[PDB]
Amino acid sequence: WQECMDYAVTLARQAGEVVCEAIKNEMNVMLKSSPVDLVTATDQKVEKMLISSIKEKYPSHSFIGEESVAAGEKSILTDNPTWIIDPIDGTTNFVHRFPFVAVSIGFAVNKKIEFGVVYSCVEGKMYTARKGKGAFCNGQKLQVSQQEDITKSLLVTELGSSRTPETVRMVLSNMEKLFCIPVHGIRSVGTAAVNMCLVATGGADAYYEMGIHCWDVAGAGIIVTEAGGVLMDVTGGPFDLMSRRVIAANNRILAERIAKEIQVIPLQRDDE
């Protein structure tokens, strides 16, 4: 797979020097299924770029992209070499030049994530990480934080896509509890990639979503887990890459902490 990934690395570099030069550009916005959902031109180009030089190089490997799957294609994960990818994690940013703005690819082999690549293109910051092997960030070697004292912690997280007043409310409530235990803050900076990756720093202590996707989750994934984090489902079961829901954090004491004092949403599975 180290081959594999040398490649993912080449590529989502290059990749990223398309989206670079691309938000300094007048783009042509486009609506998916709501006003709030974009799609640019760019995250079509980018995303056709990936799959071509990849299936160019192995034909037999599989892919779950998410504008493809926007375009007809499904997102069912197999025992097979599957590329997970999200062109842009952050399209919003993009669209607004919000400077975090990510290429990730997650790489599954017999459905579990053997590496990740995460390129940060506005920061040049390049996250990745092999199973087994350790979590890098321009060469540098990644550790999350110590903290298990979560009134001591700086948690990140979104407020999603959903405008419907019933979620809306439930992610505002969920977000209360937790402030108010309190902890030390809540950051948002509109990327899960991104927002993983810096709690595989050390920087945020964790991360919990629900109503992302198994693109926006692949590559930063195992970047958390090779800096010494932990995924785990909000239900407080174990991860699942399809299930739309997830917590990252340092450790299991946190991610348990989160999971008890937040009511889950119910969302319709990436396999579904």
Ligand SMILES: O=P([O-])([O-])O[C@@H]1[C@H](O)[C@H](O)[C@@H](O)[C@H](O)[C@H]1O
Contents of the next structure:
2 protein chains.
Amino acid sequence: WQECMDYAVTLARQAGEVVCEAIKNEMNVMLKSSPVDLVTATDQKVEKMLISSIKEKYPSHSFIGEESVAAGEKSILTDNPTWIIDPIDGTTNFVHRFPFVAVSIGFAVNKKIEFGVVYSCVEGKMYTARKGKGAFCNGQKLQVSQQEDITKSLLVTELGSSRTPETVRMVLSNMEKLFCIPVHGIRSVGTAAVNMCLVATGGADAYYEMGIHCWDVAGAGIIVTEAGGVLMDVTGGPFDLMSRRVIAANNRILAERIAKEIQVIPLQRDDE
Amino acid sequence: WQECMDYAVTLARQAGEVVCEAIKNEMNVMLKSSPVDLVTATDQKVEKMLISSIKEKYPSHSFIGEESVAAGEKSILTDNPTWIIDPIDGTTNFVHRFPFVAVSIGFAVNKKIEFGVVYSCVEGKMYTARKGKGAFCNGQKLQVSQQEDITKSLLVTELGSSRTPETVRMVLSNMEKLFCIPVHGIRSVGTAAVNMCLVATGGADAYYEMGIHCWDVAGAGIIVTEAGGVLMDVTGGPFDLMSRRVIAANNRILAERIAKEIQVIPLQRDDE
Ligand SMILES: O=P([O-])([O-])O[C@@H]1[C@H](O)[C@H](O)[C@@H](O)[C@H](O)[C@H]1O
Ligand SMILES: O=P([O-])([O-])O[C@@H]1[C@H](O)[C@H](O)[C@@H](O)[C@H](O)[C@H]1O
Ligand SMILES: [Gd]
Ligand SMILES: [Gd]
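Target state, the form deposited with this ligand bound; input state, the form deposited without this ligand:
Zooming out: every chain and molecule, the one shown earlier first.
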């Protein structure tokens, strides 16, 4: 899979070049599932580039992509080598020129992530990780923080793409519970993949969200764990990539403390 | 004042060097008024260095600084040339190595801000501005966004340092109102000066917060206005540097719409 990975890092650098030239030009901003769920022409054409470049070399592999699944294809994960692709994680940031947009590629065999690449192009930062070989940012090795005490922790989360009132209400009240423990603070940079990579560097101690998609987090998940962190469902159980919930933490102590405090928000799975 | 300014830029880059070597090393962390109100040896060290060098060169000038005030200096603003200094804005980020920390210097004469320097040392971004002469980042001219429609805007704000339940429930309540207009999103980078600087660049459309201090915002206020933005109190009235409250928006239409939406929290002034 090293060949696939070497190939992947090359693709991510290229698509990141496109995404970051587009960010300064005029854009066509269209609507997906609501007025706050967006897509531009660049999400679509970059996803097209990536899928056809991989298909060419690796014609037997399967794909799950955001804009593809939007175009009507289904998000069903099988045992076959599967590329899980977000062409632009942080599309609302992209549209606004808010300087955090990522290109994310995860690679799963036997329904398990083998390697991931997250390219944050505006910063010029390449995150990579392969199962068992560690996580790197631009060739330097990453490690999560050592904090085990929640009252001294710094968390990252997002408010989400939903504006359903009840949903919004549960999101804000889940925050209030954590904030009032108290923790040291909460941040949001606008993208799940980059939020997770900040955990891997040890910048933040933990990340949680409910409402993400499998393509948003498949690349960054293996980077956290190869950096020494942990992935967990919000029940405290094992991470389920298609479930739309994730806790990514420096360790199990903080991870279990967050699962304890927050309430579960009902969502449809990616595989439903 | 251009000499003071050229001086200011040199000081802020120097101190940014101190800050950004320190961030790599272990700190002993100290509390001030609460468990989440933090201070380190570097905050104190850097402020001391900064005040010494200025008053070496500018003996008649006054100073307002965060840690000075913590040592019992008072935050009364006169018409005298005054340097308003925050050695590290983002001390909680600093303690965590969350990669957004700034040195901030504003310079007021007749109790109006003449120039402002904000050095975000981890990114190597120097934001500067002088009344009537424009705003720049590393020699590149800044301009705020053109957004006049709140439903298509991206906001930045901070959850704040209070953990008083009543305050927190109002902070989140004000978030809910805005989120549900709806806006495109809300972000928090962890420092007021950098948040405001992202409004200046056009990355975000508006920033608001209640609970900040004069030193948090004295540098970045003129960077926003010289990029073409407006400052305004959350009440709708004019910006008061000592009031603990601020809206920094791209234009008057957004500033006034946000004020309409949110409710004011009672705060103790900086000059009381
Ligand atoms: O839509 P997208 O920009 O590709 O990805 C979204 C971003 O990561 C956002 O920050 C997060 O809150 C959402 O859950 C994601 O779906
Ligand atoms: O204490 P400090 O870190 O120097 O400054 C603080 C930061 O800018 C924070 O983002 C903001 O929410 C607080 O209101 C400020 O006081
Ligand atoms: Gd996306
Ligand atoms: Gd500070």
